[PDB]
Amino acid sequence: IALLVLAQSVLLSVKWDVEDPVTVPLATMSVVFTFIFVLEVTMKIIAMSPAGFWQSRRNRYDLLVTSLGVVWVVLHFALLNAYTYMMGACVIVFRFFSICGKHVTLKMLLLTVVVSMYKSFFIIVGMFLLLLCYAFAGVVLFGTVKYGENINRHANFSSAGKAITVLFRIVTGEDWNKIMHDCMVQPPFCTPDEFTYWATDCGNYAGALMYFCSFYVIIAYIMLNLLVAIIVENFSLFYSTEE
Amino acid sequence: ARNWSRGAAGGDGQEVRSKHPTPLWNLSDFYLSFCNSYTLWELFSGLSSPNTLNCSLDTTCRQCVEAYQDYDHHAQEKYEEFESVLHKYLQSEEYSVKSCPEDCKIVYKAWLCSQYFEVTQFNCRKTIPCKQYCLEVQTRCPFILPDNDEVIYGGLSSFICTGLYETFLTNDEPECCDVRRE
Amino acid sequence: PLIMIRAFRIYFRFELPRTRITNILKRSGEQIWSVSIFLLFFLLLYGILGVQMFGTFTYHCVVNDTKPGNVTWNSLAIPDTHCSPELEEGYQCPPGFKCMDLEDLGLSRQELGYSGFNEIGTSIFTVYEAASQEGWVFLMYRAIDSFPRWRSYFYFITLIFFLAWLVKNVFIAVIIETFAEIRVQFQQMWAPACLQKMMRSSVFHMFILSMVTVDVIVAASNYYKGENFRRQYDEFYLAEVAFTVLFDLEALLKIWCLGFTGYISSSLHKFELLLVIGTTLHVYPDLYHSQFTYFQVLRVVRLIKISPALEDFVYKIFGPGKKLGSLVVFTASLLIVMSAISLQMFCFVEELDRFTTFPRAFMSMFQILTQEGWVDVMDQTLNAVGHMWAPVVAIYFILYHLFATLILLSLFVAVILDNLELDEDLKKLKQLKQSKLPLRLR
Amino acid sequence: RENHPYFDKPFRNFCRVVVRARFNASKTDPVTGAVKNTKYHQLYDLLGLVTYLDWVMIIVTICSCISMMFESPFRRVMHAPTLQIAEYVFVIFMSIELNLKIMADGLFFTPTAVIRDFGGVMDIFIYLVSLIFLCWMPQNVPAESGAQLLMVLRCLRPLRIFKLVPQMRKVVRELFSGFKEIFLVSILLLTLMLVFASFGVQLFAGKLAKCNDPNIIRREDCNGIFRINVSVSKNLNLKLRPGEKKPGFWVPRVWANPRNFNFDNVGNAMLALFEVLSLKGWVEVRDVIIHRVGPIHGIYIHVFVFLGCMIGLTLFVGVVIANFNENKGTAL
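Residue numbers (the authors' numbering), protein chains in the order written: chain A, 1216 to 1458; chain B, 192 to 249, 259 to 382; chain C, 147 to 336, 373 to 617, 626 to 632; chain D, 827 to 836, 846 to 1167.
Treat the hints as calculated values from the structure; they're not laboratory data.
Think of the CB as a built atom: it goes at the ideal place given N, C-alpha and C, for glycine as much as any other residue.
Please note that the accuracy of each hint is not assured.
Derived Cβ-Cβ restraints for the label pairs, each shown as a range [claimed, not checked]:
#1 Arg1054(D) x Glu417(C): 50 to 56 Å
#2 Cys300(B) x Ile580(C): 49 to 55 Å
#3 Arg1054(D) x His287(B): 31 to 37 Å
#4 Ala1414(A) x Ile589(C): 43 to 49 Å
#5 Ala1414(A) x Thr327(B): 26 to 32 Å
#6 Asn975(D) x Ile580(C): 56 to 62 Å
#7 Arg536(C) x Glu294(B): 36 to 42 Å
#8 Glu1016(D) x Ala1414(A): 46 to 52 Å
#9 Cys300(B) x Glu1079(D): 29 to 35 Å
#10 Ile580(C) x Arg1054(D): 46 to 52 Å
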């Protein structure tokens, strides 16, 4: 069964279309493999109790996977559209997600991931909220940016959802240099401003020197290792080899 | 006189086409098609390196008139390449909500007729510095850094005209007509 | 060049026996094996999910007039966008410029980069390219205007929340735990009168400190001032020679009045004698602002005597001297090893440039080392190496990159955790020993 | 309780009833009243980690953020009737809570007050700014005067969510717990910054400039409009036809330094050092200093980053994991 669940997952080699003549007999082959699998799941639920099959997690997860697989089989033979193969890709991902019952060490590291994700309610929403506020301050001054290859049409200082995405880029440590060095725009590279910071496009000369260090030196050196330390304190408690 | 936004023969002047406009003209009224903004006779009067009115005074001028159209063609090559590059762009206008690419091209060609043709000319009906045109480009066009293949460039864009120790009106203010919308 | 490891025989012998060595190497090898197959299982998961998620990335918006016989970038636009024929997917550019396929136009799978999600190994290499921590703008800038909003943005936020920020960092925890095992095994192992008025007073130390601060503010105060300079007689030079001969006469006074046997016993006075020699040789004209300008800029380390807190932190960052200097020596050694092996394997196939000097191979293994872009080197080699002979040297570069970067830097942060914790004896003595608002009120 | 003549600034019952509304966290049985080993607990614990008035302040902050998300430079706030309800409701309910607080006890003279650190002062500073921004309404301000410092502090809002939530309060206590420790570490990093900035201005001053057009080598000849190619695609490796030229256009020749970095003064050399201190964008500058100024010069930047990014960044990430052993409880 451990080699059949790996032989099932290698059929995602080709991006699934409705014209490739070599993925439909392999689709029929995976239909036969899911028929063998649901035969084995039926003999397993007639092997032991259904009550303990319900009290355990992996058993009822596999029962959900087999129910979604059989409804995938009957809806592929009823509808024949691409949405059937999309939810078939989804149940194949759920089948590869049923890797939990055989190994002990990968589970200890997914439990490390589980207590990483549940417990850490502290600093993920801190980082989201600070990238949100810095998006607001990018709007309240630096809102109209001149263009290059860095500041493209995909992440610029216009909308603060798009400036959530700009902050979300700048926190990652890559190329924040010429990001900051696209909007320091002063004469003789600017139009003379008299009364309004909106109509015209201009960049700060020294308030940017204040601002971008005020953003970067306090979180973007020290809080990513706090997330590292989250994975460290999830690691030393749950992982064990032979003692 | 009449400015050369229109007119074919009743516009105080003729469009040059061949070696026909000037055998022996004491007064010249001929304008051009390419850089009509810059007047021909005042160009001769101020600075005219190939041949000029005074040179003839002490057919030479028509000889350099043909060279002038050829130089204009060269200028057309510069302008044409710049417009073509903008054609294969998708951020030509969207780059800024204030500045416009049309103004960028008009001041581009203006500076092309400012530091390829270094002429001071009267009759412009306006007094504005000439070299300033390059600075004008710096304020109406976005940053387009060139390929770093030959030499690595630390964020230095290609459109920029000035820089360290460049001729950006340094102790000189040549006067000529400017053409802009706003 | 592995012969130089033959020169490391005296220090490969240790004070503890080989059974503990083999036990820690076998258990840490099991640890790196298990965490690395967790990585490769998530890598195969993201590979098949990117093959299902993404398509053939040849669907640019280049004008339909493209000459197949003369395929060149001139037709293609500078800020090129990509349009995919599928409705409500790829953003469409203003009319007049229709979009056609580029793979059908006479290009193969090699000339259009090595990134992509068509097959298994290309998607493996693409998901391993996006863990570079640098220039992942590429694939997301390809995927924003090819696939719609929630699909692209959800896959890329889960990729950056999982692959780059969580499982980059589980190996840090691994090597932290192996040094914790090293910690528990190492716990299981065991006129002269100026000496009376100037050396005792505090005016001379603040005098020479103010001299050092005015030296470091006069040496860096010289910006451009045009292109007119003459180093034989100019400001910030005769003052520099004046302060230099002042420091030389002061050091001669310190060596005459104190002696010689009280000068060697300090660990920084030999550095002060080397400082004196370096500032004596730098103020010669031939060696002014030359290669030997090492010994003018590092006078800032004299300022260490302002606060004792930073001095005890320096004492806690150093400790003994067989754990942090031996490590920079052995990183230098393996750097020389790997630059020599790359210089030996890539000077006979002649399909890689930047190979003039040993500096260039040093910079090549340095850019492998330094978490930066290392796919351009294989993009410039493997398109000229061949078709059937690519994946073996690919996974050789993968193994070299991974044995130099993802472990060695985590070896540094784990050994700095070993350096910054206390010792396992003073902890027990402090355990057995444990058995403003006055200003506000004022 | 004594030594204040202006104590208890202006009934005294209603506000103290409405502020100390002690909602129950865990509802118990009417028999014994023990701890709750039941499924439905996390909703009622998320419901009631603060008071109900503090719940309405958290709700109006989050809805003001998601409404104020669709701010844009051409989607204004101060002109339209649609979006002014944020400032109105924000100012008015702050005035309600602050009039309740100053009617109740006072401002700072009581120990029941929140003001011992960041919280009270930051509340009253955000309230002064938001009061004088609800009253000002200019429809034309440029980038030239310093009152927009006011307007850049107008959106420091979520340093007040760190006040009311005690968990967020304790992690921002953690965030300034080692701030003095990392002040000393920043002094050490600043000394490395100063010594290499002195190194940069001691060797490279005015030497990074060269002709933008590679072909020409002398400044005397640095005059005219040369032809510059324009970058098309870094990743593609297309081979140009024999009789074709890369796209480009005609530009003047200039002897100019790079934009992003230079080492002529201490400030811009310090900006170059800072930009390479994050370990990105660096092989550009490395290949510049190898290619142009000398083959003997880039090795100094090699040994500098080999000392910097391995002894200062690591001292950061080491003294903070040591401090996380200190404060989260794995120290002794």
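Checked hints:
For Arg1054(D) and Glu417(C), the hinted distance range of 50 to 56 Å is not satisfied, since their beta carbons lie about 25 Å from each other. A hinted range of 49 to 55 Å holds for the C-beta pair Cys300(B) and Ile580(C), which are about 50 Å apart. Between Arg1054(D) and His287(B), the C-beta spacing of about 36 Å keeps the proposed range 31 to 37 Å intact. For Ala1414(A) and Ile589(C), the hinted distance range of 43 to 49 Å is not satisfied, since their beta carbons lie about 55 Å from each other.
The beta-carbon spacing between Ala1414(A) and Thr327(B), approximately 28 Å, falls within the hinted interval of 26 to 32 Å. Between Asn975(D) and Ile580(C) the beta carbon distance is about 59 Å. The supplied range of 56 to 62 Å therefore holds. For the hinted restraint 36 to 42 Å between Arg536(C) and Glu294(B), the CB-CB distance of approximately 39 Å keeps it satisfied. Taken as a hint, the range 46 to 52 Å holds for the pair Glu1016(D) and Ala1414(A), whose Cβ atoms sit roughly 47 Å apart.
About 32 Å separates the C-beta atoms of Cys300(B) and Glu1079(D), a value consistent with the hinted range of 29 to 35 Å. Restraint check, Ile580(C) to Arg1054(D): a C-beta distance of roughly 47 Å satisfies the suggested window 46 to 52 Å.
Violated hints for the displayed structure, listed by number in ascending order: 1, 4.
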